[PDB]
Each structure stands twice: as C-alpha cells, then as structure tokens.
Amino acid sequence: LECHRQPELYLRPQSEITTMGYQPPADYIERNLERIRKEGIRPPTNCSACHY
Amino acid sequence: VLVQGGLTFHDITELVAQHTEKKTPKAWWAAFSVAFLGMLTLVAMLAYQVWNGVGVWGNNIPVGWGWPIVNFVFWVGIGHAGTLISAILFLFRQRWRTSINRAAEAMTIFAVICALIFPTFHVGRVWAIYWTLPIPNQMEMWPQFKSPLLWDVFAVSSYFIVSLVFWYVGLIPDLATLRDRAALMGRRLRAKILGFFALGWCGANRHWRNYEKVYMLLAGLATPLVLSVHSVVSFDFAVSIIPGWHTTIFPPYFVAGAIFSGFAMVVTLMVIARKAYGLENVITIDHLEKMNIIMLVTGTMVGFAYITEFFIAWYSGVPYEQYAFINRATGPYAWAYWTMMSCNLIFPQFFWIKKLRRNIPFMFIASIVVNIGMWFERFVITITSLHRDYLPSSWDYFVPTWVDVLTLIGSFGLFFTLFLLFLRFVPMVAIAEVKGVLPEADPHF
Amino acid sequence: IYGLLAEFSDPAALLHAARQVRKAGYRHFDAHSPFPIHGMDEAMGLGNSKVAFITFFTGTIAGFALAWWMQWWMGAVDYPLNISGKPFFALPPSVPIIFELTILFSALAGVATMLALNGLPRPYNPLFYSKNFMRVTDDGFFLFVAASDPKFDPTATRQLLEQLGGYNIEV
Amino acid sequence: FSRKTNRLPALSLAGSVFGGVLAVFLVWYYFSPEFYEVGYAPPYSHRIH
Amino acid sequence: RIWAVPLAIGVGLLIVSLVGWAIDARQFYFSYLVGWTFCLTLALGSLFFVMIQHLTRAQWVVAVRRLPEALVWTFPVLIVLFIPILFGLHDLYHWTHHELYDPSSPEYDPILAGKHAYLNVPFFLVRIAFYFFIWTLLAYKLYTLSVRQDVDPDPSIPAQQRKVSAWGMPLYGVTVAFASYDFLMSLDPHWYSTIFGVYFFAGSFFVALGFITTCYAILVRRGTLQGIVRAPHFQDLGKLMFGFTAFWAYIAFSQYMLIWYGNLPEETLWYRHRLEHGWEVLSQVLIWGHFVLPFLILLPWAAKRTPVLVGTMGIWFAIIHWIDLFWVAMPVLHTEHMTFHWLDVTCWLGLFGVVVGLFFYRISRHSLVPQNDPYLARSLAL
Amino acid sequence: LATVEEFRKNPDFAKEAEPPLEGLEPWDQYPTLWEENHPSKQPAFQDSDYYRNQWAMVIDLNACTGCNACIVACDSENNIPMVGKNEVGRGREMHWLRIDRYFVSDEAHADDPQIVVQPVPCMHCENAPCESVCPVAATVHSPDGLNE
Ligand code: HEC
Ligand code: HEC
Ligand code: SF4
Ligand code: SF4
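Protein chains in written order, with the working numbering: chain A, 1 to 52; chain B, 1001 to 1445; chain C, 2001 to 2171; chain D, 3001 to 3049; chain E, 4001 to 4382; chain F, 5001 to 5148.
Please note that the accuracy of each hint is not assured.
[Said to hold, decoys possible] Per label pair, the in silico range of CB-to-CB distance:
(1) F:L5001 with B:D1396: 49 to 59 Å
(2) F:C5074 with A:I41: 25 to 35 Å
(3) E:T4306 with B:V1001: 12 to 22 Å
[As the list claims (entries may be wrong)] Pairs of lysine-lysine, DSBU-like flavour, derived with a Cα cap of 30 Å:
(4) B:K1354 with B:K1022
(5) B:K1213 with C:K2023
(6) B:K1355 with E:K4163
(7) E:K4304 with B:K1213
(8) B:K1354 with E:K4304
(9) B:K1354 with E:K4141
[Said to hold, decoys possible] Pulled from the structure, derived: some chain E residues nowhere near chain C, Cβ distances all over 10 Å:
(10) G4114
(11) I4128
(12) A4129
(13) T4175
(14) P4189
(15) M4257
(16) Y4261
(17) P4307
(18) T4312
(19) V4345
If you're looking for bench data, these hints aren't it; they were derived computationally from the structure. Using N, Cα and C, we set each Cβ at its ideal position, and we do this for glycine too.
Build the full structure now, drawing on both the sequences and the hints.
So this is what it looks like as structure tokens:
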C-alpha cells in the first residue's frame, strides 16, 4: 500500500520497463507526476481493489 | 447509627482473620467442585465451539446473537452494582456502604471476566480479534471508532482495570492488616512476603489524605465511566435502525437494569454470606433494608420506560414500531414479556409491604426472581424486536440450543468459581473504613 | 533515632494533641493511623488540599489528546473510509472514547501519583519491625518524627509524656 | 521485612520499561517470517537465462 | 422590599410584555412557553431535590432544605399563568388545527388512529389539570408540613415527609415524562423520542440546583446571614452540580449521538434546528458554554466550594437554560429567520423575576431556616 | 401493488406510501445532518479509478415471478456452500438473494391471495448503517455505490 499512497517514488516510464540495471533519471518525481496528471492512474486505497 | 454491632476497632480484625486465618472449609470443597464443574462445562462447550463453528449456538441470521451477548449485558449489568456502591455512596457520602463494599467490586470484576469472554467468543473468528485493538499492526490498518462493539472493548478493557485498580487500592489496608498479622499470628511467616501488595504501608498522614482524595477521585471518575460502560453496551443496541432499539431512552434504562440486576444478585450473595459464614454484627439487616430502595428505585424507573415503549407505540411511532411492541406482548414471546414485566413490576411493587420486607429468607427467593426477568429483559429487548423488524421475510423464531444453556450455566460457574477463589484469600468486608466511619473514630468523645 | 512512637488509644486525641506540636516546636512530618481522623487537615495536616490534581492535569490532557489524535491521524488523514457517510471523526462517536479512554490513562496517572507521594513502595520501613507497632490497626493511633532539624531528643519524649501514650518506642 | 527493596522499584520500572523496548525493537513482523530461498525441482537459475 | 423588587420590576415587565400578547402575537405565546416552562422546571427540579434529600436521607445539606420547599408553591401560581397558552394553544401544537385528520384538506397526516386519542385539546386540559392535583398536592402536603414542623413539632417529624416520598414519589417522575411528551415533544410532532421525558426532567433538576445554590450565595453576602451556612455545604452542591451535569449531558448527548447516527425522519427536529438558520452557532456556543466551562471551572477543590463563584455560576447555569430551551421551543417558528425578538427575553427576565417575587414574599411570610429541626445543629456545627 | 387505473391517476405513488416531508427534499439525495464533511465531498472516497461510474441495479418487478434463477447464478458466480435440512431448520440459509413472496388480500375478504414476488439483494446503501458498525473495518462504502 505504500505505493498506492506514495506512488511516484517508484513508477517507471514504461520505456524498457524490464531493466534490472535501471537507475532512474534526476528530476524523477516531477517527470512522473506529469504522467499521473495526464495518464490519470489514480491508484486504489479501498477495500474493493484486491480483497473483494 | 447504620451498623448494629457490639464492636470496637479491634473486634473486626480477629473475626475477619478467622475468615482468612486457616484453610479447612468443607462447603468450599463442594462449591469449588460444582462451580469449577460449571466452568468445565463452559470451556467444554466453548472450545467445542471454536473448533467447529458459531451455529451450534441457536442463532439464526436475523437474530444473529442469542444468549451469549444477552449474557454479556447480564454479566456486566450485574457488575455495575458493585463498583457504584463504592463510588456513588462516597459521592453522596452516605457513610453506609462500608459493610459490603469490598465484597462488591469482586462481584463486579469477576462478572466482567465472565462478561468479556463473550465478545471474545460469540464472534466466529476469535484469533482475529487483536485487529480490533488499535495496535499499529503488520499493515497500515486500525479499527473503526464509529462502532460501539469497539467502545465495548475499550470500556470493558478500562472497566476491568479501573474497577480493579479502585478495588486493589480499596483493599490496601487489608493487606496491611494481613501483612501485619502474618508475622505474629497467621498462616505462615511467608504470607508476609506474599503481602507486598501492602506497598510499604504504614497508615501515615502524608499519604492517607491522598488516599481519600483518590477514593474521591475514582468515585467521581469511575461513575462517569460506569454511566458510559453500560451506556456503550446500550449504545450498541439503540444506535441501530431497529425500531425496538432506536428508542433513545435505553441507555439510562439498561443502566437501571444494571442496578436492578446487580443488586438483585448481591442480595443473593449476602443472604448466603449471612447464614453460615455471616457477619450479624457488621452486615446489619438494616443495611439490606436501605439497600433495596435503590433497587426499588429502579424497580420503578425500569417500569417507567416500559410505559414509554408501550406508549410511543401509540404516540407517533413508525407503523413498524407500532408493531414492534405488539410483538413483545402478543406473539411468540408472550411467555416472556407478560410475565417478565409483571415479574419485574409485581415483585418490586409487592416488595414494599412490611417496611421494605427486612425478612432475610424472602430476599433470596425474590432476588433470584427479580434477576430472572433481567436475563429475559435482555433476551426480550435485544431479540424480540430483532426478528419482526422491517420485513416479513426476516420473520424467524429463535430456538436456543442445548449449548446456549450450558454457557449461561457456565457463566454462573466461572463467576462463583473465581468469585469464591479470591474471596477466600482477600477479606470480604471493607474492614478499613467500617471501623473508621460509624464507630467512635469520630473525635467527639 | 529514626523516630519515635506514641501509643494513643484515644480516637480523638490525634486532632487536638498532635495539633499542639505542629505549632509548638517542630513539623511532625508523619502521623499514623488507619482511617481518616476527621477534620485533620482543617489545621493539622498542613494542606489546602491534595496537590496532585495539578498532576492529574497531564492525565486528562494526554488521554484526551490521545483519542483526539487517534482520530485526526486515523479517520481522515491516514486510511479513511466512507463507512456510512460518517464524516471522518466527527465528535459524537468519538466522545465515548475521547471521554472514556481518557478516564483510563488519566486515572492511572491519578494513582501513579498515589504510588509516588513519598514513594509508597518502600516495604523497607525500619520502624515497621517495631515489636509493638505490629498491632497498628487496633492498639493505638500513632505518631512519629524523622530526625528533623529540631532533632528527636529527650524533650520530645518529655513532650509526649503528657500527651497520654501507652508507651514510647525509640527506633 | 526487608531493607533494600528501594532497588525493587528499579526492576519494577526498568524491567517494565524494557517490556516496551523488547516489544518494539524486536517486532520485524513481515521481514523475518517472509524471506526464503526454496529448493526447486530443477534450479532455474535466473542468473544464467 | 426584598420581596417586591423582583416582583414589581418583573410584573412591571410582564405587564409591559402584555404588548407581546397584543403585538407580534404568535411570537409572545412561545416566548411565554420558554419562560413558563422554565419556571416550571425551576419548580420541578428543586422539588426533586427535596425528594431525594429524604429518600436516601441526607442530614448534611439540610440548611439548604427549607428554601427549595418555598420554591414549590410557585406551581399553584404557575396554574393561573397557564392562561396565555390556552388562547394561543389552537395556534401552537399543530394538532389542534383539526383541518388535517380526514377533513377536506390535502393532508391526511397520520394522526387519525394513532394520536387523536392521546391528543384532543379538551383532553390536554385534563392531562395538565390532573398534574395540578399532584405537583401542587405535594406542596399542600409537604410545604404545609415542613413549614409546620417548626412551630408545631410532631411526634413523627420526617416520616410524614417520607409518606409523600413513599407514594407521591413515583407519580412525579411519571407526570414529568408525560408532561414533556405533551408540551415540548409536540411542537414538531414529526418526531418520536423516548429519552426526552428525562431531558426535561434532568434539564430541570440540573438547573434548580443552581438557583437554590446561588440564592444562599446571594443571601450569604449582605444577606440575613453571613457564616451560618458553612462552606462545605456548598461543597456538596458542587458534587451535585457535577453529578447532575453528567445526568444532563449524558442525556443531551444520548439524544444527539443516537440521532446523529441513524438520520431517520424523526431527525427533522435538527435538520431545521441544529445546522440551519443561525443555530449551529447556538448549539456549539451552547455546549462549549453549557457543559465544559462549568465542568472545568468548578472542578478543582480549591475554589469549588467558595460561595460567590457558585453564586456567579447560578447565573451562567440558569440563564443558559434559556439558551438550552430556546433551542427547543421557539425555533419551529424562526426556522425561516433566526432573528430572536425583544419579546423572547422580556418573559425570561419577567417570569424569572415573578417566580422570585413570590419566592421571597413567602420567605417574608414566614421563616428562612427551620427554627427547630432534626440534625440542624449537626449540619450547622459541621 | 397498483392498478393501471390508479397508475394512470398518480404516477408518483411509489413515493406516496411514504412521501417526503412537509417542505423538504425528495427522498433520495436527501441531506443528512452532515453535508459539508460528507465523505463524497471529501477526496479519499472520491479519489480512485472508480467514481466515474456509480453502480446501481433496478428490478422491473412487473416481470419478476419466482423463476428463482435470480438466485442460482449468484450462488455459482459468487461462490457459496449449500445448507442442510438439519441446519436450515434453525433458519439459516446461505442464499444471499432472498426471493421472498408475499400475500395481499382485501383485508381477508374472500381469501384471495394475489401474491407478490420481489427479490431483495443488499441494496448497497449510501447512509449504510452496516458500514458504520463493523468495528473491524470490514465494510466501507467503496466507490460507486458498492458497499463492498
Ligand atoms: C508501485 C510501487 C505499486 C505497488 C507496490 C503496488 N501497486 Fe497496484 N497499482 C499501482 C499503480 C500505479 C496503479 C494504478 C494504474 C492505473 O492506471 O490505474 C495500481 C493499481 C492497482 C489496482 C487497480 C484496480 C484494478 O484494476 O483492479 C489494483 C487491484 C492493484 N493495484 C493491486 C495491487 C496489489 C494487490 C499490490 C500489492 C500486493 C499492489 N497493487 C502494489 C502501483 C503499485
Ligand atoms: C491491495 C489492493 C489491498 C488493499 C487495498 C487492502 N488490502 Fe489488506 N491485504 C492485502 C494483502 C495482499 C494482504 C496479505 C498480507 C499477509 O498477511 O500476508 C492483506 C492483509 C489484510 C488483512 C490481514 C489478513 C491476514 O491473514 O492476516 C486484513 C484484515 C486486511 N488486509 C484488510 C484490509 C482492509 C480492511 C482494507 C481496505 C478496506 C485493505 N485490507 C486494503 C491486500 C490489500
Ligand atoms: S425471481 Fe429473479 S430470476 Fe426469477 S423472474 Fe424474478 S427476477 Fe428473474
Ligand atoms: S445495511 Fe448494508 S447490506 Fe443492508 S441494505 Fe444497507 S447497504 Fe445493503
């Protein structure tokens, strides 16, 4: 749940997501929130998501 | 005068010592047999339960609860009696409670033990109840504080504590007395070393004044809690949308039920703690006389609410709440409510005849019958409007199983089992304040 | 020299007798009897009241703040829930916890003081093994002096000589 | 009775204080009972693939 | 005189408030209710103080016993002050209109087979005129007695007062419940609450404890006495004002959390009272000013027993019942416009003066402290 | 029940049995005590990939007669166990969708039954008393009217 409350510390740009030797860029966070503003992901916080 | 005894300050110590001096009772050996057998029947059916599943109790889904939580309100409503005659009677300072007080928070604390087991056990998933507590748990989860089933937990997990700590503090002079006797006359030299619960007692000025204001504090600080504990355990009902519950008079009412239940058991204990192992000179019969008023207060305050219930059905009820109480009188449980209300009303309005009926043997045969309506009061109020509530589809009688009854019985078992246990160890009477209040402790001589 | 003892069987003397000596002479840090000799602190015990209600100050506030912080931290900001449209720790269903849970954590501090006034857990008590203080509850209602600046000398034994004592131990 | 139970509030206090210290600096509740290197039927060895 | 100044200024003001019954008509009838019932709660509260003083008998607060007893014979005078309701009674309760059960109106309010037996305005006559045969009968059987054990002392001095408490006791608590269920339950009869019969009771015996208390606190300073009634007398009155502030706020909050939760149709007392129209202001500044300032200020026993404070509280402790009861009586009219009028207050300071006019004139008529009594010096020499 | 004659007369009759109050709002979307701190006005209920589409489930009861297949697909889709005679006798059944029937005669005039059938799932409320009351937060108004 730490990601569904604090996601933008983690999420990848989807370009070559499966890259174990991935250091993210600098200005990572602000480069990410512009996607949550656009992509509109809106992670779940509720009981309905996974527990049913 | 409010105690009839040809006593001085010393006469109690030799006597209550003789009640805790040597270990060779025989009636004990019968009570600890039948009562522990009652406790054995309890756990014999209470782990039979959890390995198997809830439905061995007689609970349908509309009436999800049945006798267990009914007994929780009983075995906590029974217990408020003990703590409030410790608190209230100091607030009004009637200087009268002293003959019985220290035996009463026992009669509360053990009731709270055999009470608290029910919320831990009428659930189906007992093991997953620590989630109910507000521990920062293995995830970012915490309980829901809009739930009176949770208020019950904090209340009882505070009421077991405050009533204890107010009883334990209540009985410090005993341990002082017994620690003082264990050296010179008593069981062993190693009862003194057991009596470190004295906590360096000497009866000094510097802290005895503090003891008074603390006893004042907990009196004025456990009564606001008592009026919240049983009120919580009433809030769980009346907060609901059910018509037979949502009526708002219930929290004062069930409290009066706790009065009219608790003293209705204390008298059962005092009668049998007056015949064989009794204190004629300290448990004056005039005490039980002035005791049954505050019972008979709630012998009518409980009655006034039944009128309001039975009234509001005629005044401005929902067309369901109109039916909700016609059910109570006329329907399956006519055996209960007609006789229950009549039982809880006849006998109190048949009680005050010969100056409150000081006669001791009537007390036992009445104090039972006053209480049996209480187990019905909470089997009626809870359940009689929990079926026949807002649908005919949810119409179902409640058939109680043969395991419902052995848990009820077992609650008497563990109550007597553990009430007797510490009672034989601690002193019964509040001997500290008895010889300090009514006798010549007054400096006017 | 740790102090004295005074076998007073009179229930009433401890008001009028001991009030003489807090005035005439020394302070008398410690008077001994089971029950409250009534109207003592009127003049005797040197007290306007209990002091530790001011120490009950921190009992109510922390418990009050605990529950009220157990919900401003819990009901809205960290893992909230639309349980029944309940508006996120609105006062009323919090009252029987912002009231009652306060009582527990505020009472125990009310008694942690009680266990702290001269530190009641001192079973070491070099007067208590006095061979006749062991009938404390019944024999008499005793007096005592630590070795204050007006030190326990024969004058104190002479002082309580006329304050009628069944005997005078000198620990 | 006994003369040096002035030390007794210490073991009462401290050992009770250590009750909290041993409680919270010991939990590791979903970090100790999670991690393991199970023995497969064949070893895949993600290293190599 | 001491007796005519609250009376001449209050009846000077009441006769001025005839302007209300004449001008801004429907306003004054219900400013009269909030005043009239306050005087009744004053009668109701301080009488129950006398009762409980006898049941679990208390020889410790007996210097504060004779004066409640004076307060009771108000309620016979409160009879002839029932009149202004009756001309406006057809305008108030909304079931007296009798164009609603099954006449030609569009409304068939479900009152026909449910309530019409309990409420029919000639029945309302007897449902209160019956109470005048009880709550006054207590006066003519208690006040006639307790004033009379002084000059003509009896062989059985208290036990006749107990006889009132043996069978005249429970009927009181009943008639208080049905009274509240007949007066103040009925302004918004789209409401069903069982507790409210006690909120009127407790909210009375809450208050009148203060008025009895502040009276001595006024009559101790530049009164006929100054030191007879010692401090620890009031120390109990504090212990009562807390033990009954609890029995109020327990009730005023059990009326709230229970109805704050369910949100039922009966809630419409408070979708109109509490939130809307300048009354969320009232309830907040009420409860902060009604429970916690008393429960906080009076608490510590280093000034709890001082006379002039508890006297100062009897003002803030009884003037507030206006604010407590103006949250019940009037708002069903000013539900549109929370603009409390000058007539809302002339009857408060009026009847709170007129009742006190009679209250001193009877203490002028005869004694103040009972010239002989059981356990008097036991409470005076305390 | 209602007739085409009566239905022709008062289309607002589903409410007429328990209509809204003297001058207050229509019944659904009726305000509570709270409206400013209501969770739908707070973000944490409103912030997900769900609030877009509030879910609801009407029943054209005019064509609902006891086919009783409204149940069984619930039993298989959202799994259940069965129950025995020896068990259901005490009144428990793990069928979630009651399909309760009812009789309505003209005050028992000629004993004309004139039945009605109507399913009754958990109308996943908004005010939702059940949600409020689980102390162990096993219920919540999940987004989209779902009360999961
Ligand atoms: C980042 C570090 C994450 C972790 C760890 C987990 N989740 Fe996730 N989840 C994440 C994002 C960014 C999103 C939103 C994507 C969007 O565009 O909406 C989600 C979403 C979900 C959902 C969505 C609901 C659905 O489609 O059913 C679910 C059910 C979900 N996540 C589940 C889930 C679980 C069970 C996790 C750990 C056990 C978990 N997530 C971790 C990012 C991250
Ligand atoms: C993913 C999308 C989840 C969300 C959102 C919530 N929960 Fe969770 N929960 C999830 C997992 C994967 C686990 C397993 C952890 C483990 O112990 O292995 C849990 C755990 C729980 C539990 C404990 C169960 C146990 O066996 O110990 C509970 C009681 C629980 N979760 C409840 C819960 C609630 C009430 C939530 C919102 C209403 C919630 N969880 C969010 C996955 C996810
Ligand atoms: S009972 Fe259910 S499944 Fe059968 S017709 Fe009606 S809605 Fe359909
Ligand atoms: S309380 Fe829960 S299950 Fe019951 S009707 Fe409402 S939403 Fe449905």
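Structure versus earlier hints, numbers of those that do not hold, lowest first
Hints 1, 3, 4, 8, 15, 16 contradicted; others consistent.
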